[PDB]
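Taking the form deposited in one PDB entry, here's one chain by itself in structure tokens.
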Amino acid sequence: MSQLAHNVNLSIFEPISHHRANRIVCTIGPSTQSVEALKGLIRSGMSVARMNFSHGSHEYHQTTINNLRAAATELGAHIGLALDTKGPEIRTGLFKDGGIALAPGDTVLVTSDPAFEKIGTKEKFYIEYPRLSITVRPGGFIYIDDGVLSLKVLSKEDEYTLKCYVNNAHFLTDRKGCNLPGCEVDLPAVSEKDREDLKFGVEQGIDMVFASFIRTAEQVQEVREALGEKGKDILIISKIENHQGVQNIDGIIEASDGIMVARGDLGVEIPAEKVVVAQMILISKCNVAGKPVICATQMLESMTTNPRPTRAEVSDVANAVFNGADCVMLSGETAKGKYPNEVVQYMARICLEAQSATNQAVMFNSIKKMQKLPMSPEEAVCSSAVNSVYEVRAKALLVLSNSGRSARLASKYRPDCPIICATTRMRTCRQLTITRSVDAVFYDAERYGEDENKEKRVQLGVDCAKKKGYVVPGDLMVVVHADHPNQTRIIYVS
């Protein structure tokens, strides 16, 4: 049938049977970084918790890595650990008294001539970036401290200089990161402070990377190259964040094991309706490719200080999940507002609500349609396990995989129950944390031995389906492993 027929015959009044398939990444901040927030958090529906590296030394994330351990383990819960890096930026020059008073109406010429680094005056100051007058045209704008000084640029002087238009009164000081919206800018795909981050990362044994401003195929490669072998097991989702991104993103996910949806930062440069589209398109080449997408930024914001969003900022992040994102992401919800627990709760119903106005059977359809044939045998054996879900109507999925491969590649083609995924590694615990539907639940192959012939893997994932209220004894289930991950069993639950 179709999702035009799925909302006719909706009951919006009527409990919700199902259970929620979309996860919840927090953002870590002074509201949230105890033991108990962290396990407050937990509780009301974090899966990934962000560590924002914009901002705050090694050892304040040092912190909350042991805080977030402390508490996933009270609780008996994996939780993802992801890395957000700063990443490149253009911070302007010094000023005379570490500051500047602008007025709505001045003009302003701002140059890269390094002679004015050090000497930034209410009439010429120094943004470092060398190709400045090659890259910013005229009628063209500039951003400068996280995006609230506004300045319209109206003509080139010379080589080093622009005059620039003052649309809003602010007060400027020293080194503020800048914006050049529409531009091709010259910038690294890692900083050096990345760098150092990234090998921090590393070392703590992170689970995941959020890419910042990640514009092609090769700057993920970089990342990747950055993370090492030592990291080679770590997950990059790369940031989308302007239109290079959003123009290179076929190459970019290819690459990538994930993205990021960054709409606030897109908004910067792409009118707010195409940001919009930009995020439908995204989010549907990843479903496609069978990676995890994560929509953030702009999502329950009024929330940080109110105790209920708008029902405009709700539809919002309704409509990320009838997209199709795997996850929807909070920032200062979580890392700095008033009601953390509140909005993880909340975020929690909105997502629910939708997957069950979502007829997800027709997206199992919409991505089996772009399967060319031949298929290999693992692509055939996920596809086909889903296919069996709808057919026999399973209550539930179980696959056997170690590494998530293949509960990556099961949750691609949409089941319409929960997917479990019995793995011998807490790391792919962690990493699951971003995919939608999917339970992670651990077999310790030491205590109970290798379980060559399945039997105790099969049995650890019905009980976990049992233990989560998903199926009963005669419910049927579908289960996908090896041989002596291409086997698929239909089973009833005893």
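Basically, rigid core = biggest C-alpha set you can superpose within 1.5 Å across the two forms. Positions refer to the first chain, counted from 1. First, how it differs from the form deposited in another entry.
- With the core held fixed between these two forms, residue 119 has its Cα displaced by at least 2 Å.
- For residue 313, a C-alpha deviation below 2 angstroms is recorded between these two forms after rigid-core alignment.
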Given for the second form:
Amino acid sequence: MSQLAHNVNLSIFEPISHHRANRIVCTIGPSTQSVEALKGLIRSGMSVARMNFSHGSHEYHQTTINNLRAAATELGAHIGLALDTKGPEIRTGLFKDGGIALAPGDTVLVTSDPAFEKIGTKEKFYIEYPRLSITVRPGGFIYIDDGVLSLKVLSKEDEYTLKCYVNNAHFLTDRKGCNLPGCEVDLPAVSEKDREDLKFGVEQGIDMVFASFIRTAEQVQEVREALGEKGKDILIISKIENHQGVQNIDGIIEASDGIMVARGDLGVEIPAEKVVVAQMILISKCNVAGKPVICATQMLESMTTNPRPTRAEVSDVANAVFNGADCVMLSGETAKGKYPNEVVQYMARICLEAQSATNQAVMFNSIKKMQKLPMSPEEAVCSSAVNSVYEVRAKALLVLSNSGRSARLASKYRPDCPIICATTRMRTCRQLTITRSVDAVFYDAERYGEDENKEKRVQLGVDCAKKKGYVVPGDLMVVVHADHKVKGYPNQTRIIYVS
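The structure above corresponds to the form deposited in one PDB entry; please give the structure of the form deposited in another entry next.
This part shows the chain on its own.
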């Protein structure tokens, strides 16, 4: 069929029968930190709770953590726990009188020189980045205050100071943030504060990290060292925020466990129309790598204070799903907004609509056609299981995979049914929450044994699919698991009748 052929046969009035495959990441804050409010989130469709370590102390976050664990255990939900780092920031200094008026056609001196720190004026002020004169060059741009103030660099005046053309009127106040479009920003992967944050996260047993401002594969390697041997199983989702991150996306994808497309930050740097396309490129490379991709910022922002978003906003969410994103993320809408439950429920309705309006077989065929023949046994088995789901119209795909690898591999092939992953580890259950289509179920091997014949895990997976309404008796399921000899990957498939 094709996406076109799918479109002309949709009826937008028919009820949707699909089960929601995309996953919703929610940022926690004042509107949602309480145990009751977390319960609301989870009931409304939250699969991952994000802690924004730009704001708050460790105890603030500790309370998010403890409250999330009480609420989840009460509901019997597995909910991913994400730590989103502050990252290194480029800020200005102070200004006599707390701010300066700058007018287009003004020139201004920008100095990385510490002695102008707290005495900025309209003629000259401080900017924290020591490699200022090195990284930025006649003709390049410095953007300040969420990119509204645009400066074009005329010249280098001394090693400390650049002369700059003011592109637009702006009132600049103490400590605003700066961006350097198209530049190689010589800043560490992880700040000093980040290490300590990461160390907290490891101790508290987070599931994943959202690593800010990832620009090179080597920096992902730095995040990996900072988590250490103790955090070696924590996922690193690299946040792509600038041109350099988009340039190096291949090395960054290969080094990371997933990607976050941070559209707001990308937009300070890059024209809005190229951000739309960067989002597509990034999500698609992630789809082909079989690694989760999260779409973030500027989601349903207006629903932070209004009881409804604009249509342009709802279309931006849907098209994240149509581009292929595994996840969509809420920020202030859940953290400080007035409508945290409704935004999440609405986000989940948008996801359902997009999923139903997508021709899922076409994504399966696209991915499949990119495999080299001969395929490895592992790839052959997952792709063949997904095909089977299409051929017999099975209603769930059950994967026995302890680490979740094998659930991320089926999901990459995009079956049109839910994927159940039976795993011996709770951390896998929580880590699977960013992967499209997947519901993990925990197999307690301490209590029920090693299950060498896989029979208790196959029954558990089938039970999980019955409880969720995915299957009834007489429906088919496709099962993927290891034999009695292979370790590392399931090399074995069954097509079973639900009983």
